[PDB]
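Form deposited without this ligand, single chain, as C-alpha cells, below.
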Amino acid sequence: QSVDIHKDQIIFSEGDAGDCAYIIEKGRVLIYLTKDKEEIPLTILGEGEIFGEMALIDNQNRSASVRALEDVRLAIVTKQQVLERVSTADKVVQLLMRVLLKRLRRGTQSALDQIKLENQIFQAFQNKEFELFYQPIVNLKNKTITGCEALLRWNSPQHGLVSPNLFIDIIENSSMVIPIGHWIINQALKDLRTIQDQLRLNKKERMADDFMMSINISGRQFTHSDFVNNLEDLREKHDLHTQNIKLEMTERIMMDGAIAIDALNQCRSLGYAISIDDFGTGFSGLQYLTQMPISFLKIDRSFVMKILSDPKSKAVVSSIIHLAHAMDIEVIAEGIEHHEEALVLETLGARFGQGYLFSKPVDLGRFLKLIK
C-alpha cells in the first residue's frame, strides 16, 4: 500500500507513539530533533530508505521528527510486519540488531553461548580431539558382521566423553561441515581399506568383498557441488570400490526435490549404495522414496525400542519392512538391545541389525578384533 505526502508535511514528531514504518519510493525526508525551537538535523533520507522502524521494534516513542522536504511517496510497513520478520530471524542476528538499536539511541546469553560453542567445536576438531568409531552392522539370521557405521566421537581431555546430542547438529548446519565432513569421509575410507586388507589376510575373502562402510552425509555437504568429485577422488586415493561404500543420508535431502534426485542418481550410477537414515522421523519420508536410487533404509531406534511394548509400533515397523521389500530396498533395524527384539525383527523380514546386543561403537583396533 502506497501513500503520497506533500512537501513540508510533518509525517510524525519526536515523542509520538509509533504506529508504522515507511519505505521511501520517491523523494526526500529530513530527520531532525527539536531543542527549544532550534531544529537539529540528523540526516536526509532518499529512495529505498526505511524510517520509523525504531519505535516499532521495542515499543518506545519516536526518537526523532520527520518532515517531507519535497513531495514523497511512502510504502507502509506495519508494526506486526516488522515484529514478525524480527522475531523469526536468526538469534545471533536478533542480538546484532538489539545492540545496534541500543547504541544508535545512545535472548542474549543464549546467543553468545551458541557463538562460543561453535568456536569450541571447531577448535577441538583442529586440536585433533575427534575420532571415528565403528559400530557393526550384522546379518540377523547368521549373526555375521556384514559392515559398520562410522560414528563421530569427541574425546575432550577436559570434559571426558562429550555427547553427540550436542555437537552433531551444531556441526551439520554450520559451514564447518565441509572441512569436518571431508575429514570424516577420508578417515572412514582409509579405515575401510584397512578392514578389507585385514579380512583378506585372515582368509575371509567373501566378507571383505561384501563389506559396507556406512558414512553419514549431511544435506549441506551433499548439495555442495563437487561433493561427488571429492568423494570419487578420495575413493581412488584409497583404491576402493563404490560397492563397499554406503552413503547414509537424512531424507531432508529430497526436500531439494528434483535437484537431489540429481546427485543421488549421480552416485548411484557410479555404484555407491544410498541409505535413508532415521526413516519415518524428521523429513526422512515416504513420498520421495517412490522415486529414489535407494538401496537401504534404517529403522530408527525410536521404533525398535517400542516393538515389544506398544503393538501399534510393531504394526508400523512391519509396514516399513514390507514396503522396503516391495521396492527391493533392504532394511537395517538399529537400536537393537535384546534378543527378543532381534527375533521379532527377523520374523517381520529385516535382514540387517545394529545395536548394543551385537556391539557398541568401538575404535578401529577393537573392530579389527571383532571381525576375526
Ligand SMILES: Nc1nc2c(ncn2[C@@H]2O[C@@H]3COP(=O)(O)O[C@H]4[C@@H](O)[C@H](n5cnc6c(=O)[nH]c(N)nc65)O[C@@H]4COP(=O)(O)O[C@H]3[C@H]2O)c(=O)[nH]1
Second form
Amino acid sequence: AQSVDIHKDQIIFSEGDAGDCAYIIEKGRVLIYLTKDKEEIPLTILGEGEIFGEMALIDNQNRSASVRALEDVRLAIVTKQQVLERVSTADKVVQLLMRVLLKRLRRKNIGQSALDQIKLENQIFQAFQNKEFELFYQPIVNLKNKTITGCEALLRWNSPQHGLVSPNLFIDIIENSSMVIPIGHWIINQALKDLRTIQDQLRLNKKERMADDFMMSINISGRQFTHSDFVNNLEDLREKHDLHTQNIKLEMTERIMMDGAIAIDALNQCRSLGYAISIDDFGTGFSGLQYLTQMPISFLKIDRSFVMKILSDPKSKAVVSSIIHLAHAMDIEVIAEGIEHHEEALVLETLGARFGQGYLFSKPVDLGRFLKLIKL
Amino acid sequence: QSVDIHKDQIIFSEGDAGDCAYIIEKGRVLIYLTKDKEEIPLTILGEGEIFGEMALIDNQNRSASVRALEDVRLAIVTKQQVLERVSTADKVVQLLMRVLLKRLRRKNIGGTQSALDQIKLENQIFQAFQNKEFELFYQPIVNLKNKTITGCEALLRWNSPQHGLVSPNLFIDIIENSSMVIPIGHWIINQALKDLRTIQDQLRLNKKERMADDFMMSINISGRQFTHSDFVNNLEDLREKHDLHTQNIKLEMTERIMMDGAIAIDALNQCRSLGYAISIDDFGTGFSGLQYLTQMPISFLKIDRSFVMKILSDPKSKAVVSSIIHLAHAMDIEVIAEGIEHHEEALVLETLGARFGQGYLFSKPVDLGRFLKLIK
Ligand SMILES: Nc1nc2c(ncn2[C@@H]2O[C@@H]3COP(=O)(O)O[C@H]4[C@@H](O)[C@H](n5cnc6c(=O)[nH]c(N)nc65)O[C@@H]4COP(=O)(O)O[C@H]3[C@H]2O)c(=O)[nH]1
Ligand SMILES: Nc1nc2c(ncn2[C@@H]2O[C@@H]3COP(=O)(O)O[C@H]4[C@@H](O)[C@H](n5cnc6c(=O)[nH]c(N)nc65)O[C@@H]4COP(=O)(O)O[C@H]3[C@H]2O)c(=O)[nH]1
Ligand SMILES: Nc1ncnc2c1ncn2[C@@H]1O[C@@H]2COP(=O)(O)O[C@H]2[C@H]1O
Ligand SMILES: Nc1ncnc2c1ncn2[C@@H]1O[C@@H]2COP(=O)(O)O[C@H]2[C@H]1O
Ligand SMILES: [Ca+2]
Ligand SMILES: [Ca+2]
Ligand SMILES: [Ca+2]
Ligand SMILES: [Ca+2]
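If the structure you just shared is the form deposited without this ligand, then what does the corresponding form deposited with this ligand bound look like?
Starting with the chain above, the whole complex follows.
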C-alpha cells in the first residue's frame, strides 16, 4: 500500500461508510459530493496536491461526503494510525480547535487545565504590571580570602499566590510566553541600575580595585537571547547607565546551544563587545561537552545538585573534580553553587574551584542589605 | 478574568479586525451573516464552545457577526496565545488546520510538501520492513593492546531493491519516533541474539572457549522501546529462547533515555540485577550525562566519532577525550573509542587510557558471513 491508481468514474468511497484511511492526490482530479434523494450536490473538485478522507479518521465518525474520480487518478494512502498518532500528541487547545472545525464543517455542509494555563499567564503578567516584582542579589565570593567579588541577580514575586503556583514554575511560564521580552528588559535595566549604585558606593569608600573587578550576573533566558535586537537593546541600556562591558556577565543555560546558527554569532557579538558569558546548570539538561570546545565561555557553574551530594556519595565528587579540571584545561573559570557548610567549601577549594556562592556565605538579599554586606 | 455581556449585544461584526477569541462560560450566542437587509443564521453556540478564533490564525477579518441571545459570560483568549500554540504544533496537524479553515470559509460564502513527504516515507519504510528488506550488519569491537576481536555492535541496514544498501540515518529517526519502533525493535533484538548464538557456537567448535565466554553483542535500544513496559520481560524470553547468558548481551542506549527518570532508573536496575551490561552511546552529545553518571549503574561508555576524528586536529577536543576517559575510570566505567580510521589516533587513545576500539581502521560493519570469517 504505497500509491494506487484508480480509473475514471470510480467511487473511491461513499458518504455514510466507515472511515478506513485518507488520501493525497498525486495525479488527476476528484469530486466531493452529497446526494439528497435523487439529486447529487457537488461541494468541490479536488486536484493534485490536495488531501481528502481525513475528517472521518480524526473523530471516528462516518464519511461526511462521497468521492468519485473525474479522470484517471493516483492516490497516496495515509493511515488512520498516522493521523491519530499526530493529533493525540498535539497541544490541548489545538485539539479543541480541530474538533469545533470538524463539527462545524459537518453540521453546516448538511444544514479545563488548558484554560487554567491561560488564566495563570494573565495573573503573572498583571502581577508584573502592579509592581509585584523585585530583584534580590546573592554575593559571589572568592573562596580563598572570603571576599565578595560580585553578585547574581535573582527575581522575586511578592505575593502569597507565588507559593500556590511554584517557586520555579512562574519563571517557566514567563520564559515560554512572550512576556519574556518586556519583563526581561525590565530585569536587565534594574540589575544595571543597581550595578552602577554598587560601584559608586565602592569607589566613594576608596575601593577602586574591587569596583573595577565587580561582576553583575544576569540570568538571560533562551527566547529573549535568540530574539533580535537583544545586543542592540542591551547596549543602549549599558550606555544609559554609563557602565563597562567587563562588569556585566550574561548567564545562560546549556539549552541555548541546541539552536546553533542563530545563537553562535550572538555569543560571539557579546564576546567581541566584552561581555562575560557564564554557563549555568552545567551537566544538567542539554550536553555541551563538544559545544564547549568551539564556543567562547568565561565561567561555568557547578550546580547545587552536585555540590549538596559532594560529601554524600563519592561518585558525584569525582564528577565535580572532573568538571573543575576540564574547565581549567579549557581556560574557563568556575563558580561553585549551593555551598551550605564549611566542610563542602574546603573540599571544593582543594579540588581547585576558585569562586563560591551559597547560604554559608549569604542568601540572596535586597539592594540595601547588599550594600551593607560590602563594607566588611 | 471573564466578562459578562447582556442580551442583544453584538460582540463583534463581520469585516472587523481580529483582536481576540472567546470561550463561552454562561449563556448562548448566534453566529450570522448579513446580506443587504436580511440576516442569515449559521448556528447557535452554547457554553463550552469557542468563537472568534478564525480571524486570529490566518490574520484575516471577522468571517461572521456574533450577537448574545441572552446574558452570557465569556473568557478572553489572546491572539498571541493562539499563534504561540499553533505555530509550535506538529507539521501535518498545521495542514489539517489550514484545509479545514479554507473549506469552512470557501464553502460558507459559496510548508506543505515536505509534510506530505514525511507521511509517504513512513509507509515506505514500514512496508520495506514487512517484505524483509532489513538486515543486521556487525562491526568488530577490538582490544586496542593486542588487536584481538572481543565482540561486535549490531547495526541496521535497508537493502532496497531499487535504492540499494541504504544506511540507517535516513530512516532510524523516523523509525524511532513512530509506532513502528516496538515491532521492529523486537525483530532486531531477536536477530542479534540469534546470530550471537551462532557466533559463539562457531568459536567453540574451533577451540576458542575463552573468546566465546567473553564475547559481547552490542544492541542499540531506542528510548521509546526501552521505556515501554514488558521490555525486560520480552528481552528475557528472547534470551531464554536462544539459550544465552546475560553477561554476553550488552544494551546500548543514548543519554536521552534519562530525561524520563523514574520510569527508566528501575528498568536499568532490573537489567543490571539480571546481569546485562549497560553502555552509554553518543556521550557528551545530546542530553547532558554528567549527572546521569551519578544515578545510573553503567558498564561501558563510548567516546563518539565526533570527538575522535578531531583528536589530532585540535588539542581542545583531545583534552575533553582525556577527561572523559579518566572520569570513566574514576567511576569504575570502561571505555570504547569509536570511529578510529588511522593508526595514529589508535595510539593516542591507547596512551590516554582507552582499552577498547571500534572503527574502519580495524573493520567496517559487515554481514554475518564475513564476520564469521573475520574471527579466524
Ligand atoms: N538550597 C540552596 N539554594 C541556594 C543556595 N544558594 C543559592 N541558592 C539558590 O540557587 C538559585 C540560583 O541558581 P539558578 O540556576 O540561577 O536558578 C534560578 C534561575 O534559573 C531562575 N531565575 C531567577 N532569577 C531569574 C531571572 O531574573 N531571569 C531568569 N530568566 N531566570 C531567573 O530561577 C531559578 C531559581 O531561583 P531562586 O529560587 O532564587 O534560587 C536561587 C538561589 O536561591 C544555597 O546555599 N542552598
Ligand atoms: N565514518 C566512519 N563511521 C564509523 C566508523 N566506525 C563506526 N562508524 C559508524 O558509527 C555508527 C554506529 O554508531 P551509533 O552512534 O550507534 O550510530 C547509529 C545508531 O545511532 C543508529 N542505529 C543503527 N542501527 C540501529 C539499530 O539497530 N537500533 C537503533 N535503535 N539504532 C540504530 O544509526 C546510527 C548510524 O548507524 P550506521 O550508519 O551503521 O553507522 C555506524 C558506523 O558505520 C568509522 O571508522 N568511520
Ligand atoms: N465541504 C468540503 N469541501 C471540500 N472537501 C470536503 C468538504 N467536506 C468534506 N470534504 C472531504 O470529503 C471527505 C469525505 O470523507 P471524510 O468525511 O472522511 O473527509 C471528507 C473531506 O476530506
Ligand atoms: N460556520 C460556522 N459555524 C460555527 N461558527 C462559525 C462558523 N463560521 C464562523 N464561525 C465563528 O464565528 C467567528 C467569526 O469571527 P472569526 O472568523 O474570527 O471566527 C469565527 C468562528 O469562530
Ligand atoms: Ca543562574
Ligand atoms: Ca543553578
Ligand atoms: Ca551505538
Ligand atoms: Ca556513537
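Rigid core here is just the name for the largest C-alpha set that superposes within 1.5 Å across the two forms. Numbering follows the first chain given and starts at 1.
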Legend entry - Which one of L308, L323, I40, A315, by Cα shift of 2 Å or more between these two forms, core superposed: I40
Inset, instruction - Could you check whether the CA atom of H339 moves 2 Å or more between these two forms, using the rigid core for the fit? - result: no
Inset, instruction - Determine, after fitting the two forms on their core, whether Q266 shows a C-alpha shift of 2 Å or more between these two forms. - result: no
Inset, instruction - Align on the rigid core first; then say whether the Cα of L140 has moved by at least 2 Å between these two forms. - result: no
Inset, instruction - Taking the rigid core as fixed, quantify in angstrom how much the C-alpha of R28 shifts between these two forms. - result: 8.4
